[PDB]
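Trainee: The residues making up each chain are set out below.
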Amino acid sequence: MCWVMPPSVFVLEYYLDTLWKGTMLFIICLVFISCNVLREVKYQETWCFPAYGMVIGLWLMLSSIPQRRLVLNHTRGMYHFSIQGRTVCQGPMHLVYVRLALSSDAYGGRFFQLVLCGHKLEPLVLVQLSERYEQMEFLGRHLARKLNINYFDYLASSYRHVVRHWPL
Amino acid sequence: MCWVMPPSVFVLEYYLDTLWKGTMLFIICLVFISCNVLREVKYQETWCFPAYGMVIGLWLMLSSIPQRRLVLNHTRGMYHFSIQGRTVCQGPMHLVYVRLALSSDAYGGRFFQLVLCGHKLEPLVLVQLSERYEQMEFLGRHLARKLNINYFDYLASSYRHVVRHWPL
Amino acid sequence: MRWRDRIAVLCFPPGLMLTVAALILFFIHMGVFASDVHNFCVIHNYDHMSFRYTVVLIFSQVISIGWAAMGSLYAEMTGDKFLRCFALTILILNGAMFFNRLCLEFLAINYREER
Amino acid sequence: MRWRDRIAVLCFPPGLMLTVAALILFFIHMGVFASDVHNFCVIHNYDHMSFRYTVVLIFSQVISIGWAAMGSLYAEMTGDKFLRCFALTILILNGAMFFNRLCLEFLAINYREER
Ligand SMILES: CC(C)CCC[C@@H](C)[C@H]1CC[C@H]2[C@@H]3CC=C4C[C@@H](O)CC[C@]4(C)[C@H]3CC[C@]12C
Ligand SMILES: CC(C)CCC[C@@H](C)[C@H]1CC[C@H]2[C@@H]3CC=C4C[C@@H](O)CC[C@]4(C)[C@H]3CC[C@]12C
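Residue numbers (the deposited numbering), protein chains in the order written: chain w, 1 to 168; chain J, 1 to 168; chain M, 1 to 115; chain z, 1 to 115.
None of these hints come from the bench; they were simulated from the model.
Treat the hints with care, since some could be wrong.
Chain w side only, calculated, beta carbon under 10 Å to chain z, not exhaustive [as the list claims (entries may be wrong)]:
hint: 1; residue: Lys42
hint: 2; residue: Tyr43
hint: 3; residue: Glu45
hint: 4; residue: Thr46
hint: 5; residue: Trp47
hint: 6; residue: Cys48
hint: 7; residue: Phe49
hint: 8; residue: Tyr52
hint: 9; residue: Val55
hint: 10; residue: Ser64
hint: 11; residue: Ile65
hint: 12; residue: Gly85
hint: 13; residue: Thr87
hint: 14; residue: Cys89
C-beta atoms are modelled at their ideal positions from N, C-alpha and C, and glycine is treated no differently.
Use the sequences and the hints to build the structure in full.
Mentor: Rendered as structure tokens:
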């Protein structure tokens, strides 16, 4: 998987995982429906917490996302924000970035994620591996080989980050 | 009145008459509620018809309107659709017109109205007097003396209608 | 333009409230129909049927169909297929519900009173 | 942009989900609160009280408070005063609602059951 994804021939495509979340919610609540706890001695029925499960899940299935794509094809594409059907965002450069983001807890442990910044764009969250910096800029270099745009690091410009287009 | 409103120093202001319809609906319900007809021998209760009346009357009363105005100030004003609070329509000329409109019944009687045409503008309905053509272009020439834009007749251009600004 | 301000104050967009009136009308009429069917089938509580409110809610039905239809007419010329599909689907379900309630009212005729 | 297409399919504008959910929660909770005060004041048929569902609607109350606050926090950054006023008003009415129903429940102790 280390070599397959860096090229991303022409377009990229993307999706969301709220369908997964609603899926185990639906499984859990269907389990809850049949043979729940019998707490009539508690002078209360707890069937309405699954009713909220119904509501939350049905709303989450109401968020369907077909193949979030852009105009990232290896050409003079404008990175217009493209969905099957409707289209919303357009822009001549200066909005699409790839930025490193950091999060911290009370103890001080640092967690590193990546976000394809833009007008209502999709992130670049890696698959559950964030404890060390490893190589960082190499993936930005592969993105640069793709359609060189940006590679933004934490805080301000300073150093250690790369830009390709600027509106001055 | 013939020398008061056609002058119209600077801005004009306008309103709707739906407040009257709402207040008459409230009046007729205050008539109905106390001692209505007693048709229990009809095996029916007729209290829900005024419930619908108050639904539509409260909706009509909710249509509040502070002084629909424009930039008809006797200057190089660009005729921006102005409302106390929010503002919607802005346009550099070629959209504000004053047009004659015609209506006909089955017999063939003609009813004449006037409309200040534009992007969600207000009309120029005269006070319940349209049986003869009378003077036609006199009020159009008064509007021309005010802030000369247009006076549009029925059908196509042909003749007998006046323009001052054209977008080509 | 700013639909926050369009939905905020002083007005509504053209149409788009006739449709929501049709929605709440369809909701409450489905509630009434479900109550009638539930009370007719099992529990047999002819005292507490809607045998008393008969013609007013039928007039409500017909003004609901008229409002939905003329709202569809008022929203058709926007040039967008989604609004037309929404209005036509609401018209279809309103007509189907009216016909279903008319059939139920005609079937349950020996249960109200005699003239 | 095209708010027709924004409200049509596949998503909703950010925020304005939790606010509408809090509105419908407010509606159903005025329904049950009005039923409770009605049956506590006049008709006196405590067997059909909401003496049976007592903690799940309290949980619904606090989660509705949380969602109203969370939607207010998520919609404050729009830069528009109308949205902030909307969110603050719905939060205030929900909170005063919660205090009122808590006071009513605390007044209605001697009528439920005894441990
Ligand atoms: C799940 C989220 C959206 C909250 C929804 C709560 C609903 C399901 C709850 C809250 C209030 C409840 C009602 C409160 C009072 C009554 C009257 C009682 O004699 C029988 C139960 C009945 C008819 C309840 C039915 C279920 C009910 C409507
Ligand atoms: C917006 C309004 C005007 C349209 C809907 C009309 C409303 C007010 C009407 C139509 C259906 C009606 C209900 C139909 C059935 C029942 C059961 C009956 O045994 C007592 C009256 C009751 C509880 C009615 C109360 C009033 C009601 C809800």
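Trainee: Hints numbered earlier in the text: which of these fail when held up against the supplied structure?
Mentor: none
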